[PDB]
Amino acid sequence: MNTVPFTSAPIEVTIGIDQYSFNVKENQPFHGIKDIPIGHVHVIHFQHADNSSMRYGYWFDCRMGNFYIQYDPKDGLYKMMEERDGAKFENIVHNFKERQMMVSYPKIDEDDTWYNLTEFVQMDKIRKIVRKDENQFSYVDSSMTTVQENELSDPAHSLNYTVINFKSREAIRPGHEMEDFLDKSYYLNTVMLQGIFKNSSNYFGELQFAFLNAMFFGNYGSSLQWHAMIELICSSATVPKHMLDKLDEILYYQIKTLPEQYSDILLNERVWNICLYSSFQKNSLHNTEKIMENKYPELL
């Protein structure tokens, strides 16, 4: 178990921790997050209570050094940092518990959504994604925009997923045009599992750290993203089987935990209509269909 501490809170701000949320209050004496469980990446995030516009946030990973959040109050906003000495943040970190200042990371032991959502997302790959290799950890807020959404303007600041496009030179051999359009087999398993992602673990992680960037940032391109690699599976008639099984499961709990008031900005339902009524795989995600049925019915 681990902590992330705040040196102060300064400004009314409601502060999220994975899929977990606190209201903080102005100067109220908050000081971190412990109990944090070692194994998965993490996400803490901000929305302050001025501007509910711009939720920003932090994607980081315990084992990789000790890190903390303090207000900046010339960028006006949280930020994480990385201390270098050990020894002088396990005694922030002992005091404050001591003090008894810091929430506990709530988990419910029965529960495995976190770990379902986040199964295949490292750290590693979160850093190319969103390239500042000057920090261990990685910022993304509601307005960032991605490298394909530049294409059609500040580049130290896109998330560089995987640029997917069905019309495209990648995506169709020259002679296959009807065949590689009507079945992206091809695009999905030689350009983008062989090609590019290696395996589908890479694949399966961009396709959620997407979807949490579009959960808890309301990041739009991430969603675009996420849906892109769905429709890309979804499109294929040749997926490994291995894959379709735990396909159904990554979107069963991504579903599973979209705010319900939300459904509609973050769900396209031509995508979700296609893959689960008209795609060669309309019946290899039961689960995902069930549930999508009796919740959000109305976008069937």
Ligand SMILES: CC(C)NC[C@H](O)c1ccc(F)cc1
Given for the second form:
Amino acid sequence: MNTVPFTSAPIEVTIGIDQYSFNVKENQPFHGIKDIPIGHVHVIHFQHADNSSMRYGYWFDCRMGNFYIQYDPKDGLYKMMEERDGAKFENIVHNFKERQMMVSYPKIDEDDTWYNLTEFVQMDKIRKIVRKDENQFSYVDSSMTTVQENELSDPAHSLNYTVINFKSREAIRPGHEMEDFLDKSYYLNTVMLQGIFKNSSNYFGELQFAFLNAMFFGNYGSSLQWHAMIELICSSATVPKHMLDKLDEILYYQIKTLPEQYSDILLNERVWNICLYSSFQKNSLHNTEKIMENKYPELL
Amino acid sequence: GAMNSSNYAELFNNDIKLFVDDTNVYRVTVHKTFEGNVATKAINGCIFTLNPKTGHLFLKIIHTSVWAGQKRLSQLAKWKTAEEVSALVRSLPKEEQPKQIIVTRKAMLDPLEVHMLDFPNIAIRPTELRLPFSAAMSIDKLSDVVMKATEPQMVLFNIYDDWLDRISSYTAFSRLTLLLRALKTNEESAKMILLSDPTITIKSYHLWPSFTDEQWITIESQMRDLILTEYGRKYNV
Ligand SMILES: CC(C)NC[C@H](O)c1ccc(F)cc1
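Show the same protein again, this time as the form solved in complex with the ligand rather than the form deposited without the ligand.
And the full complex, kicking off with our chain again.
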């Protein structure tokens, strides 16, 4: 079990660590989060009490280094940093634990939610979409735009999500215009899975990664990407049976975890109704269709 | 964006543009089978691709053989239309290729856009106008060439005959749409108006009769009466 200590908490802030969130008051004696499960990526995220504008946060994996948070009064935010001095870090953490100034990551033992949301999400893989090579952790916020958004403006601050576009030469073979537009299997299986992603694991991970940035930061371009990757599968007549089964599980837990009050903005009516009721895979997402119908029957 | 009453003079500027109408591409008769079920039989169709400034009409004849052994023909028809329009554009010299293609039915937008991916600078546009191009098969010479075709064939016409020698494109298009609107609302009456006077003939190289300027005004007035009438006979007014 790993720890992310905080130097201090000088401004009132709501802190998230994965799907949990708690409030810290201005200058409250808070010095971090302990008992963080090893083996998963994690995200620690922030919404200031005074400006709910900009949710922001950091993706990290405690196996890749010792990380801590320190407020910067010049740039006005909580920043993640790496401590390279291992002895210094263990000392800091042990002292804060002894003084019980750290909250307990409240994982329930029955609960596989976070695993199920991050099954194919890896810090090294995340780095290929959020480019900042001098750090082992990755910053994301509400406002960052995607490479594809930048095509329709600062590239260093972009989400280099894989670009998917159903009316593009990459998607449409010359001479197969109608075939390829109405059945996207060749774009899914040859172009994307065999040529770019390399396997279903990488496809699923970016899709999981896109969802989590949409949910935790309200990142609109990430929401577009999540729905785009989903639609590409549902609109393919020929999908490996193992992929469909896994997709149904992935989406189930994503819909399960979504705040009920954010469904209006985070769910695209057209994609979901097409995927669940019109597409080739309309009968292949039993768990996802059941939870959608019981939890958001209005959207449909 | 979409083409409507507001931006109507753009049709007659000097940027090459084509209207594409797919109404008459897939044409069927519906009939009973010996067992008392219903079946369709296809007949020849055509794509109606028209330069509204010059009157040049690219009439691509769609032979019934293209549907043989195919499913979902109404959907295929839209993609076949887009394939043939794309082929036409590629066949034209660069300086004759259109800068815009306006489709008369919105369901042609995606098929045409996908077929024209090689031409990113050609704008594919819908329209809010309810244009009467479905009535093209009420023009006897066009109907004749479509029904007689034994193979796929493109036939080139000027739908304005020689009118542009005496009138502007805007006026010519207005005359054409009025004639076609009339033929669409009451074909028999429309055709009666056009031929009543045996002394006015259709030149071998023309589609419409050789009316003088004065006779066109009379003709045009008779077509507007017909259209308002049928609008009464239809709505009772
Ligand atoms: C980078 C290349 C397209 N495959 C990796 C994929 O992008 C990916 C996978 C998992 C993630 F958590 C984030 C991204």
